[PDB]
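Participant: One-letter residues, chain by chain:
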Amino acid sequence: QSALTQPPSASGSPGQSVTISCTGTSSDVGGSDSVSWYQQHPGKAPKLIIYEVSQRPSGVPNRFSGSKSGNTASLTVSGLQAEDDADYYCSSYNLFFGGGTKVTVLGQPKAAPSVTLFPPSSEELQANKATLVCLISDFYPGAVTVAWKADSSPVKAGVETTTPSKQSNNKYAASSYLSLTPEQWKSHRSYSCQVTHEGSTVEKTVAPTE
Amino acid sequence: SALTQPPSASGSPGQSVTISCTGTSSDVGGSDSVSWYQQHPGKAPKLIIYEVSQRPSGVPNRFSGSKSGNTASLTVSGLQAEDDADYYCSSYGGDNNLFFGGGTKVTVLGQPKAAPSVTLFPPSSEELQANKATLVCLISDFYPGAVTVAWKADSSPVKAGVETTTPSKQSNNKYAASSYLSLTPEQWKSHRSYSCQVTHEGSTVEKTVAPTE
Ligand SMILES: CC1=NC(NN/C=C/Cc2ccccc2[N+](=O)[O-])=NC(=O)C1
Numbered sequence: 001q002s003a004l005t006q007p008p009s010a011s012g013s014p015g016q017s018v019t020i021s022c023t024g025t026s027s028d029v030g031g032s033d034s035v036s037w038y039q040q041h042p043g044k045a046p047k048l049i050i051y052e053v054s055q056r057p058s059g060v061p062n063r064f065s066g067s068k069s070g071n072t073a074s075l076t077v078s079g080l081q082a083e084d085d086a087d088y089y090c091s092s093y098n099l100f101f102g103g104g105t106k107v108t109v110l111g112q113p114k115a116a117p118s119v120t121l122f123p124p125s126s127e128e129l130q131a132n133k134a135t136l137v138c139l140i141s142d143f144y145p146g147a148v149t150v151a152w153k154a155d156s157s158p159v160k161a162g163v164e165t166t167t168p169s170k171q172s173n174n175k176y177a178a179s180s181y182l183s184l185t186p187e188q189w190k191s192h193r194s195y196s197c198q199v200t201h202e203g204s205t206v207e208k209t210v211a212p213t214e
Numbered sequence: 002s003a004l005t006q007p008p009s010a011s012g013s014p015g016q017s018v019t020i021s022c023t024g025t026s027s028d029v030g031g032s033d034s035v036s037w038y039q040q041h042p043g044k045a046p047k048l049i050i051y052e053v054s055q056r057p058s059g060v061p062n063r064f065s066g067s068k069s070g071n072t073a074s075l076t077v078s079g080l081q082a083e084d085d086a087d088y089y090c091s092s093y094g095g096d097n098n099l100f101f102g103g104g105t106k107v108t109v110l111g112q113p114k115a116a117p118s119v120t121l122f123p124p125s126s127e128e129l130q131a132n133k134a135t136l137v138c139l140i141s142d143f144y145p146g147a148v149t150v151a152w153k154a155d156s157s158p159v160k161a162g163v164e165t166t167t168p169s170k171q172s173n174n175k176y177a178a179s180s181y182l183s184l185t186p187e188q189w190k191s192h193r194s195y196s197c198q199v200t201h202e203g204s205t206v207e208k209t210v211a212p213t214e
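For the record, the sequence lines run as chains A and B. The deposited numbering puts the first sequence at residues 1 to 93, 98 to 214. If you're matching positions, the second sequence starts at 2 in the deposited numbering and goes up one per residue.
Hints listed in this document are in silico derivations from the structure and should not be mistaken for laboratory results. C-beta atoms are modelled at their ideal positions from N, C-alpha and C, and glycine is treated no differently. Any given hint could turn out to be false.
[Unchecked claim] Computed list of chain B residues with no C-beta within reach of chain A, every gap over 10 Å:
1. 23
2. 61
3. 68
4. 72
5. 107
6. 108
7. 111
8. 123
9. 147
10. 177
11. 188
[As the list claims (entries may be wrong)] Not everything, but these chain A residues come out facing chain B in the computed CB check (under 10 Å):
12. 30
13. 33
14. 43
15. 54
16. 103
17. 122
18. 139
19. 176
20. 177
[Stated by the list, open to error] Covered by chain A, according to a simulated footprint, are these stretches of chain B (three or more residues, beta-carbon under 8 Å):
21. 37 to 46
22. 95 to 102
23. 137 to 145
24. 189 to 196
Work the whole structure out from these sequences, hints included.
Facilitator: If you want it as structure tokens, here you go:
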């Protein structure tokens, strides 16, 4: 979990606006005008687009604006263009990072994920494995976050999630798996997979059977 | 205003690699606010060095930073698979005066071939009540990151409704993928079994599941 809190994702068609938030404490965001925003194209070096909450370096157009209210800073991108499709990170100066927001300029219609939660198979149990798998298919944009629950409360370790890939129907698919031991699986009431895409969250629950 | 890094560098497990960040006398040369960041593809960046040489809490002493004139260096000793990532330098001069290097892709050489774990899941109770019978074949812990998948209905090849994700690198430094077959309840219930066959480096592994009793 990132020292600063940014929504995972955001999207618009060309010419639309997107606003993205970055929340900290009075110790960082809420005490000093030292919030920066970075634009990073997958594979490339980051570009500084805002510093000290609101300042644009030279070459950064006025489409990009930065504001701060109490313990939360926002970056607004107006008139979205192709080239604005990237990862956006905030920071606060020691130095604290947000977890990043994937900003998509819609290349096709939005599609909500199909989510299927599989309990452990017979065969893997007899190998002392209780890996759960949350299959997430047929979504756009190709940005998703997965949380896992044990009973009525969050779980931490175990969780792996694949990088979403574009399938034959031109929508994205990914897999989140929780590598449980049979003892962990058999000793809880239920486990749950929570899939967040385009600000809506889907929950699936499974429990052990006989 | 950019800093200059070599685009690529490599080393063997247990060995060192040194990577440079060349600035001017007014960025790197003009102050000791040189940072280094580690970034795994798809992930947020992590600060590993600030003020030329200082490690944040939780960064091992395998990572060391120095500076000589307008060039700053990062050394990673005891190279491990987790160290395979992009490394960026920055220099900070107070205003808009934050400058970045273009990044160095650090490869850890000689990661050993690893065969996949293959786990095949029959349809969940919940999707069957929702008139769906998708199967998933989880393929994890393999290296290198190329697999081919084939499905069978009973003994017969399946040629339609198969999708396999592009293998991605997970936190154990090995590749995972999923192959899913989107059957109807009627297709699932009318066959004796479905099988997923995973081929990796010319070796083949097959799993079979059957409608439950
Ligand atoms: C001294 C100060 N240092 C910094 N460093 N910011 C570093 C940011 C680095 C970053 C951001 C987004 C994506 C990738 C990366 N990366 O370097 O890998 N920001 C400040 O305001 C002040």
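Participant: Let me make sure I understand: some of the numbered hints might not hold for this structure. Which ones are they, in numerical order?
Facilitator: 8, 10, 12, 13, 15 and 24
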